[PDB]
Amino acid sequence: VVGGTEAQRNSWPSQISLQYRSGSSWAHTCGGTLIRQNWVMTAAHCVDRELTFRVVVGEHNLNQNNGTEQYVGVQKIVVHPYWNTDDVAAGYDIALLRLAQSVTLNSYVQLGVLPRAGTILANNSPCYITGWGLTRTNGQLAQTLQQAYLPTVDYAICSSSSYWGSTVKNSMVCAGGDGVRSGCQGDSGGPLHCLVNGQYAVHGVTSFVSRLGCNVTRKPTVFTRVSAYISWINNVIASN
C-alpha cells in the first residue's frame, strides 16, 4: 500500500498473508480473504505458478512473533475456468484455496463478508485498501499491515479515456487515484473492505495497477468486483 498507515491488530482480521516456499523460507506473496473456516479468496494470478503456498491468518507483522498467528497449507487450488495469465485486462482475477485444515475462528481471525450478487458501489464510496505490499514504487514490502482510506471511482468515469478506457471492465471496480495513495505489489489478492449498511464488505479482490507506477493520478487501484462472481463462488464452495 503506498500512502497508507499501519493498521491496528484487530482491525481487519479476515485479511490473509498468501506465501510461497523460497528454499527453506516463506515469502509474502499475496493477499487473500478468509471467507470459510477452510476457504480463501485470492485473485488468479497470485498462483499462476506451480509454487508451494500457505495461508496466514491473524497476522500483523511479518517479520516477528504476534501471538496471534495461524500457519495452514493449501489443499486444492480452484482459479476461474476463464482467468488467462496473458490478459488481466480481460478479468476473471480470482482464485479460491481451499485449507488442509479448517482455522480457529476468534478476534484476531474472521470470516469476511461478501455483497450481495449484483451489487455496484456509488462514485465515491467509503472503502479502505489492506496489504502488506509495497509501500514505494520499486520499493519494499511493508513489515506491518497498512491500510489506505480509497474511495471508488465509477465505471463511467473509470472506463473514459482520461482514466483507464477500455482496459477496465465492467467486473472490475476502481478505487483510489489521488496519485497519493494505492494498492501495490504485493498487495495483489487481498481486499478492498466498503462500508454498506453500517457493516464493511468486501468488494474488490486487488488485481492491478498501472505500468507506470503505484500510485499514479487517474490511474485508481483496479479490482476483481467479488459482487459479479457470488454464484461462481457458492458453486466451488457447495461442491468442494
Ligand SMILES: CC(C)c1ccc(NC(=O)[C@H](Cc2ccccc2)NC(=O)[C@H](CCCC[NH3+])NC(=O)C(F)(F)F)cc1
Given for the second form:
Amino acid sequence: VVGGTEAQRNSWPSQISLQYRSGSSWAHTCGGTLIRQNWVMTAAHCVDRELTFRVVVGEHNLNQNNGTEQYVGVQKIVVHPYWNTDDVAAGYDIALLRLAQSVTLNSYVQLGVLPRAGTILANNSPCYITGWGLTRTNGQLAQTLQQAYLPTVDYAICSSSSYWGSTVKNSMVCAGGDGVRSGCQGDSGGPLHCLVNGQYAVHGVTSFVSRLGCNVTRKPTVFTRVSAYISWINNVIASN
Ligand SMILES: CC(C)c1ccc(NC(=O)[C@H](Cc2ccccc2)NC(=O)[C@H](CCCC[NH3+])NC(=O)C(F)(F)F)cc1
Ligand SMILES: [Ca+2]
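Output the structure of the form deposited with the named molecule bound; the preceding block shows the form solved without the named molecule.
What follows is the entire complex, opening with the chain shown before.
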C-alpha cells in the first residue's frame, strides 16, 4: 500500500497473510480474506507457483510477535477454472484455499462479510484497501498492516480511453487512481472493504496495478469483483 496509514490492531480482522516457505523461514507473498473458519479467498495469481503455503490470521506486524497470531497450513487450492496465468486482464483472478485446521475467532480473527450477488457500487464509493505490500513502487514490504482510502472508479470511467480502457472488464472493480494512494506488490489477493448500509463488506480481491508503477494517476488499482463470484464461491465450499 502506497500512501497508506497504519491500521489499528483490530480494525480489519478478516485480513490474512499468505506466506510461502523460503529456506528455514517463511515470506509474505499476498493478502487474503478469511471467509469461513477453514476457507480463505485470495487471487489465483498468488498461488500459480507451486510453493508450500501457510496462512496467518490475527497478524499485525510481520516481523514481530503480536501475541494474536494463528498459523495454519493450506490443504487444498481451488482456482477459478477459467483463470489464465498468461492473461490477468481476462479476469477470474480468484482462488479459494481450504485450511488444514479451523481457526478460532476472536476480536483479531473474524470472517469477512461478502456482498450480495450482482451488487455494483456507485461511482466514488468509500472503500479501503489493506495490506502488507510495497509502500513505494519498487520499494519494500510494510511490516505493519497499512490501509488506504480508495473510492471506486465505476466501469464506464475505468474502461474509458484515459484509464484502463479495454484491460478492465465488468467482472472487476476499479478503486483509487489518484497517483498518491494505491495497492502495490504484496497486497495482491487482499480485500477492498467498502462501507455498505453501515456495514464493511469485501467487494474486491486485489489483482493488478500498472506495469509503469503502483500509484499512477488514472490507473486505479484493479480488483476481482467478488459479487460476480458468489455462486462459484458457495458451490466450492458446499462440495469441498
Ligand atoms: C514499476 C513497475 C515494475 C511495476 C510493474 C507492475 C506493477 N504491478 C502489477 O501489474 C501487479 C502488482 C500488483 C497486484 C495487486 C496489487 C498491487 C500491485 N501485478 C499483478 O497483477 C501480478 C499478477 C500476475 C498475474 C500472472 N500470474 N501480481 C503479483 O504477482 C503480486 F502478488 F506480486 F503482486 C507495478 C509496478
Ligand atoms: Ca507477527
